[PDB]
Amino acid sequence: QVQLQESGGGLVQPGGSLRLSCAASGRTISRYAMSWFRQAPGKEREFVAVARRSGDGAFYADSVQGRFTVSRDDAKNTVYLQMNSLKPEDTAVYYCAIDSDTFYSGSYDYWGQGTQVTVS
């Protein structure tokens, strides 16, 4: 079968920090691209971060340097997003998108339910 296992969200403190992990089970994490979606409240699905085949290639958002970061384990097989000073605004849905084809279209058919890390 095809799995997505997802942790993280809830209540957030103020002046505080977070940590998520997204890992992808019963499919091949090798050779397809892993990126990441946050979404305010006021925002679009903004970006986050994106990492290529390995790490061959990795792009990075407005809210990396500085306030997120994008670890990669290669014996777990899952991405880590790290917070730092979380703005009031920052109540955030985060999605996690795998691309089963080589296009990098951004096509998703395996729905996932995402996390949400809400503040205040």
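Between two forms, the rigid core is the largest collection of C-alphas that superpose within 1.5 Å. Positions refer to the first chain, counted from 1. What changes on going to the form deposited in another entry:
Relative to the superposed core, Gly42 undergoes a Cα shift of 2 Å or more between the two forms. Once the rigid core is used as the reference frame, the Cα position of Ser63 differs between the two forms by 2 Å or more. Comparing the forms between the two forms on their rigid core, the Cα displacement of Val79 stays under 2 Å.
Since the structure above is the form deposited in one PDB entry, I would like to see how the form deposited in another entry looks, so please show that one next.
Single chain only below; no partners, no other molecules.
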């Protein structure tokens, strides 16, 4: 049903920052968890961060702890990922996905297309 759209990304210098954005289209996502995954060339499918519905927090992979922040806007029906103080190894395609399980088990049905981020 939902075709997630993604924007943001492009080329940033080391130590700089980017803000990626994900939006739902075809359904309201205020009841679902939204996750970011990273596909680095070679190193595919790494978890980056997840934003739970509300007051449920957000969780990060070790590799992006502190450095990245994930947050949401239910009114806009969007998800944002702040990428702060990036290193060359963060070059990857960043994918937004919908976790269809309202009990937060990680069932990902909607994957987006992925936005390319290049650092240096």
